[PDB]
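J.: Listed below are the residues making up each chain.
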Amino acid sequence: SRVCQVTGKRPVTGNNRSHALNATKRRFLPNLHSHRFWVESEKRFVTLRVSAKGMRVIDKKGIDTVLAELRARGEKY
Amino acid sequence: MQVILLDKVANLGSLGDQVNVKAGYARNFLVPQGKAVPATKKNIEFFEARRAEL
RNA sequence: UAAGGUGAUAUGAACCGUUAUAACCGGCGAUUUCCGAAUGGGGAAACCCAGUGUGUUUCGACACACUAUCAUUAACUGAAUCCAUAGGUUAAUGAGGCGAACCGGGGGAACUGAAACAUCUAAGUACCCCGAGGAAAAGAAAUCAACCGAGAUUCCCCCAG
RNA sequence: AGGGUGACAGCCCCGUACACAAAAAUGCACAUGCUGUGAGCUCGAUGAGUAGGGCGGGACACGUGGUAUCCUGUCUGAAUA
RNA sequence: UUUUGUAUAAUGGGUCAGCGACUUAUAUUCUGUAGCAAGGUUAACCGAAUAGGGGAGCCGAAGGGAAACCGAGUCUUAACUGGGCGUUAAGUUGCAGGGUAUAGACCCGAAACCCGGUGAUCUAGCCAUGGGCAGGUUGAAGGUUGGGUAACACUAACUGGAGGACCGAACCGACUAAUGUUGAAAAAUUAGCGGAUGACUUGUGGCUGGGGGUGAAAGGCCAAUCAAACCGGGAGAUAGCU
RNA sequence: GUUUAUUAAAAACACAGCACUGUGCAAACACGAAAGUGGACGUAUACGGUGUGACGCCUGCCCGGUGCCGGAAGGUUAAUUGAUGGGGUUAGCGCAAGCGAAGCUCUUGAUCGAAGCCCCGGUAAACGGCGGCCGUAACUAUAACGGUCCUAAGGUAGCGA
RNA sequence: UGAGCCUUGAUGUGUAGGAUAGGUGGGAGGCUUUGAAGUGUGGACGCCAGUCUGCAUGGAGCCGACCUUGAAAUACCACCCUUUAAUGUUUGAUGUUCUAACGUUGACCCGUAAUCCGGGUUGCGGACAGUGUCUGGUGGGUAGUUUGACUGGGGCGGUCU
RNA sequence: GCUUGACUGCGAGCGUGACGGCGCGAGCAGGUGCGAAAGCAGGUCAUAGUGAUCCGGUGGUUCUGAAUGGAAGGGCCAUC
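If you read the protein sequences in the order shown, they are chains D and E. Taking full-length UniProt numbering, the leading residue of the first sequence gets 2, the next gets one more, and so forth. Taking full-length UniProt numbering, the leading residue of the second sequence gets 1, the next gets one more, and so forth.
I should point out that these hints are in silico values taken from the structure, not numbers from a laboratory. Just so you know, not all the hints are guaranteed correct.
Said to hold, decoys possible - Far from chain D, some chain E residues (derived; all Cβ distances over 12 Å):
| hint | residue |
| --- | --- |
| 1 | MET1 |
| 2 | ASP7 |
| 3 | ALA26 |
| 4 | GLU48 |
Said to hold, decoys possible - Straight-line distance between alpha carbons at most 25 Å, and here's what the computed SDA-like set of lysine to any residue pairs gives:
| hint | chain 1 | residue 1 | chain 2 | residue 2 |
| --- | --- | --- | --- | --- |
| 5 | E | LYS22 | D | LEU33 |
| 6 | E | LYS35 | D | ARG11 |
| 7 | E | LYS41 | D | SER52 |
| 8 | E | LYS41 | D | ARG3 |
| 9 | E | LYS35 | D | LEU33 |
| 10 | D | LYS61 | E | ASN20 |
| 11 | E | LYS42 | D | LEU33 |
| 12 | D | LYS61 | E | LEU54 |
| 13 | E | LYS42 | D | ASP60 |
| 14 | E | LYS41 | D | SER42 |
| 15 | D | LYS62 | E | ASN11 |
| 16 | E | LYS41 | D | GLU70 |
| 17 | D | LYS61 | E | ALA23 |
Positions of the beta carbon are idealized from the N, C-alpha and C atoms, including for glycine.
Sequences and hints are given; from them, build the entire structure.
T.: Have a look at this one:
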C-alpha cells in the first residue's frame, strides 16, 4: 500500500478544477520513498517506506524516537 | 544541518563546529558512518561538556 | 402436574400407567453422526487421505486422544558474519464466521431539476468496503457573547425558509 | 376482557379480577468480604516539524468571492504566561 | 376516444365476474362554519393524558425609505403649487372544502444512463491432454543406373511419397430450389452442392467479463439477444407524448 | 481458407510478399493505479504499430496546408522568484484642515524562467494534392504548344463509355 | 569563474591659484630617528596631463588661517559616496572527481533440498534516473454534451429587431 | 449677430401596451441665454438610429461597518 509508515499519510481524493470548474475525480499521491536508516541503538539498517515530509520528522525526533512509536502502534520494521 | 563533527573531514570541519550544510550530506555520511553526531538539542549540551572538561 | 398415554396427516398393531419411575411442561446436564468459520492434509459441501500417542485370553485391523492459520507473550535454538540479528520450533492466550435495521470511517455515481446543458442540483443519497457496540459517534472550551455576561456534548420545538 | 360449548351464555367449560407458588438455572438491585486499582495536601511542570504560511483540494448554509474558521496531498516553518 | 368534422372502411373492447385510477403529509391563500377579540394562538414537553399546565414563538393592529433614521405621516429635492407610497375597514386560531408549493403526486408505459453481483456446459479466441479422417488418384525433392558432355547442363527407366493437391463417405460447413410458415423443428426436412492430411475436426478440462472480453473484422459473438449481456438496486428515472 | 449462428459466403476479410516508422533488451509496445506477466525465456536475418496484398513491368511530379523528425541568433510565454509604486491600520506631530514612522496587512508584478508557438531546413510506400481563367491545328469540338493566376506543384507510364 | 554581501586600500583634470580641491565632522599640530624629504629606475593606470608603488641611492624634514577660492589641506583621524582592484562569505550553463542515498531483471553467499522475496559482500552506474507535488504544450485514448426556429412535409434558399 | 435650455429637481393630465416598458405634456422651483419688449428655449419638421437582467469598472455621497474605532465589501446617484 502507498501509506506513509511514520506520519500515517494515506492518499486522498480530489477534483481537477479547471478554468471552467468542471469536476473530475482523481487522487493525491504522497511523495513516498524507500530510505534505509541505520540506528545507533540496535546497530541495524532499518528500511522504511516513508514520505519526503516524514523524513524531516525523523530528523527532529530521531530514528530511535520514531521506531519507538512504531513499536507502540504495532508497526513492523 | 546543525550537525557537529568529530573527525579530520575536509574544509567545513575543525574537530566539531555547528555548520550550515544540506541534509543530504548530513544523513548516511555523517549520521552514522562515524565522524559526527546529530544535533537534536540533546547533543549540543552533552558534547559541550566534552569540550569543556577535556 | 397427572389418569390416561405411545407428535401430526392417520387409523391399526403391541403394550405402558392410574396415587406417583406412563405421558405432558420446565430447569440443569449427557449423547451430540457428516457438512458448514471447519481448524490433521485435501476436496465437485454432506467425501477422500494421513502424522503421533494409547488400548488387544486374536496386540494385523478397529476403537480412543491430538495435530489449521495469524497476532501477542514467554522459553529453547539459530545463518550469511566473531558477538549479534534475520529465521526455525514449542507452549500459553486471543481472533476467524453468521445475523434485519441503527453507528463510525474509507471510496462514491447516474437518471432527474435547471423545461436544453457544462457551474450547480440530484448528493455525500443509492451502492461497495472495513470496524464496533447495545447504542455508536460526539463530549468538559486555544467555544460563544460583546464591555453586560454565559459556561461540555446530544436530541426535540422555535428562531426560519 | 376474551374464547369454546349443536342459534346470541355473568351464573356449562377454559379463563378473567384477585390471592399464591420455584428444587434447579438466570437477569437486575443494594448490604458485605476479598484481590488489583488509585485519594488528599504542598511544590512544580503545561503536550514543535506543531501553530502558521506557499500551493492543490475538500468540508463549514457559505460554488474563491472582499472570505474568516476547519481538514490536509505537497513545500516551508515559529513564539514559549 | 380524439377531432373543424365519424355509421364511418379512424381508435378501444370475445363475453362474464372480481380487481383497477385525482390520495396522503407539511406549508401557504381563499370560501363556509365555530370560538374569542385589539388581540388571537401555543410548538416541544408535563399530565390526575385530547383536559389542565407551558406564551418559547408565530400572525395582526403602522407605515415610508436602499438604509441610517423619521413617523400618521414618510420618501424624493435646496424647497415643492406638489408628487410616489400610506392613514381614515378587525383580525386571529381550529375544522371542512376550493387552489398553489415540495414530495411518485391521477394512473399505465418508455427507448436509455449509473452502480453492485452473476454467467465463456452456447458461441469467439487461446492453453493443456486425447480421439477421428473409408476408399480411389496425381508421382516433387532425394537415392540408384544408363544415355549424353572436355566436365556441367539436359534426358531415360526404377525407387521414393512431397502436397493450406484432386475426386469422394464418416465428420464438418450451409450455396440453389421446393415443402414447411398457428411447422415434426422459436431455421429444420428432401434433393443437388463445398471442404475432407489440414490455417483440419472433435471429446474432456482450464483461462480471458460489461465501456469490458473476444473478433482471418460482420460493429459480429458473449446461454434461443448485443450500436454495449443478464440479474438486483438507485427506480414509482423522466415523459411538454398516446 | 475466414465471415454477418437464425434473409447478404462475396469482388469482402485474411494471405505469403513489399515498404515506412517505432525498437539495443530491464526492448519498443500492451495488459495492468502498482507489483508482475505477456512480448520472450526471443536480441535488429528479431519484435511491434501501420499501410498495401502472390508473381511480371513498375510506382512520376509537388514540402505550401495538416503531422512528424531536427537545427536553433532573436521574439513571446507557466509554476516559481517578489524588484518598485499605491492603499488600509495608527504611535507621534499640528489648538484645526491634514500629513505621517516602524510593525503587520492589502494590492501592483521588473528580473530569473524550459518546452511549445512565431522562424528555418527535411520528410509524401505520412494525411494529402496533381489546377482554375485564356489564346492557338481546315467547320465546330479537342489542345502537341504558349501566357496568366505567387496557391507547394499541374498527370509521367499504363488504362479508359 | 559570473553575481550579491563584509572588511581592507587606491580613487576624484569648473576656474584664479604655493595645485588631476569628494562632502559633511574631530582637528593648531601630527608624522620622521619603531631612520624623513628629494633625486634614479622596474611594473602600471591614463583625458600621455600627471599620479600611485616595490627595490635602491639618499642621511634630517614635510606643514595650517598662511594673501587668494562660492567651499581648505595628502597635518592626521572617523562613518561613508562615486569609480576600481585583491582576499574572504553566499548563490549559479558546461566539464571532472568522490560514494554515502538510490538503481542493479551483474556476480557471489545465507535464511532455504526456493528462478519469489529479504539480508550481506563486491563490481559498475549515481546524486542522475525514477516517483510524488506544482505547472506549460500535446491529447476524441476516454467521458459528459451542444449543434436554433418559423416553413404550404422536411431539407436547400431566404427570414427573425 | 449674440450664445448654450442637447438646463437640474419636479410634473397636473393624457396617449399606447397582457406585461416589462415607451411617447407627449402645459406649468412650478432654482439659476441662465436671446430680444427693447410681449415672450420663447427641458434638442433637431415629425415618425427608425436600439440591448431587459445578472455581473463588475470609474466618480460622488460616513447610508451600512458581523466586539468597538476604521477599513474591505455593498447600496444610493452619475457612468462604462
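J.: Now tell me if each hint is right for this structure.
T.: Hints and how they fare:
no., hint, in the structure
1, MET1, "violated (7 Å)"
2, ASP7, "holds (16 Å)"
3, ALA26, "violated (8 Å)"
4, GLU48, "holds (18 Å)"
5, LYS22(E) <-> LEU33(D), "holds (20 Å)"
6, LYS35(E) <-> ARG11(D), "violated (37 Å)"
7, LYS41(E) <-> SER52(D), "holds (24 Å)"
8, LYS41(E) <-> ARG3(D), "violated (33 Å)"
9, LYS35(E) <-> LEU33(D), "violated (29 Å)"
10, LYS61(D) <-> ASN20(E), "holds (16 Å)"
11, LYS42(E) <-> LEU33(D), "violated (29 Å)"
12, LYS61(D) <-> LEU54(E), "violated (28 Å)"
13, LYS42(E) <-> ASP60(D), "holds (13 Å)"
14, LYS41(E) <-> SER42(D), "holds (18 Å)"
15, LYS62(D) <-> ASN11(E), "violated (29 Å)"
16, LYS41(E) <-> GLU70(D), "holds (20 Å)"
17, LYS61(D) <-> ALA23(E), "holds (12 Å)"
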